Amino acid sequence: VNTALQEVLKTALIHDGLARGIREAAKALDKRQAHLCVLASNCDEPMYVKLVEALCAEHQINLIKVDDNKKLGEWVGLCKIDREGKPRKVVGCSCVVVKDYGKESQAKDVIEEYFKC
Amino acid sequence: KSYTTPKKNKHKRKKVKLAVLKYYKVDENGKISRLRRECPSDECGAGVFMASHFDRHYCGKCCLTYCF
Ligand SMILES: [Zn+2]
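Taken in order, these protein sequences are the chains called N and g. Adding 13 to a residue's 1-based position in the first sequence gives its number in the authors' numbering. Adding 82 to a residue's 1-based position in the second sequence gives its number in the authors' numbering.
Hints are not guaranteed to be accurate.
[Stated by the list, open to error] DSBU-like cross-link-like pairs, simulated, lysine-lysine; straight-line CA separation at most 35 Å:
1. N:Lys112 - g:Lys97
2. N:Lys63 - N:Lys121
3. g:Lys90 - N:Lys112
By construction, these hints were calculated from the structure, which means they are not laboratory data.
Whenever a hint applies, use it, and build me the whole structure from the sequences.
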């Protein structure tokens, strides 16, 4: 299902579907336009974990756990330079919320099947 | 090049790390506590935050000076 989330996030990058940034996360949670978001667990965050769990469990938002902060920015594309191979200078992001428009996809059926149950 | 007169500085955005927790007050129970106001007009929503002065207030883009 990791390839399914990669395809969904890449298509959101193509059509500007994802609302990247904690600033735009606050905008989307204020306007209640949060289809999905990805949260990094067991990181070195000093006190941000409680606030971001409150944001991730505020109102009809799924709880998704990944491992590290800077690898999340590789999916969302903060420092996508030298795309032929591994990027060599990457800073990271905490969490990214999405606002999906083209929901009719191939693996989005099993994504929403796992989302409902 | 340069003259004898010194050059003028400009208001640059200084690098402050993790200011997002300055938006709301993180409490124990899951209810958001906010120390700031918003812009009540429909041109800018509540997602846009405001300018924290001490006696007067500023909207997002409306330039409406909210005073007491
Ligand atoms: Zn306004």
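So, going through the hints one by one against the coordinates:
| no. | hint | verdict |
| --- | --- | --- |
| 1 | N:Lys112 - g:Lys97 | holds (29 Å) |
| 2 | N:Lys63 - N:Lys121 | holds (30 Å) |
| 3 | g:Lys90 - N:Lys112 | violated (43 Å) |
The structure does not agree with numbered hint 3 stated previously, though it agrees with all others.
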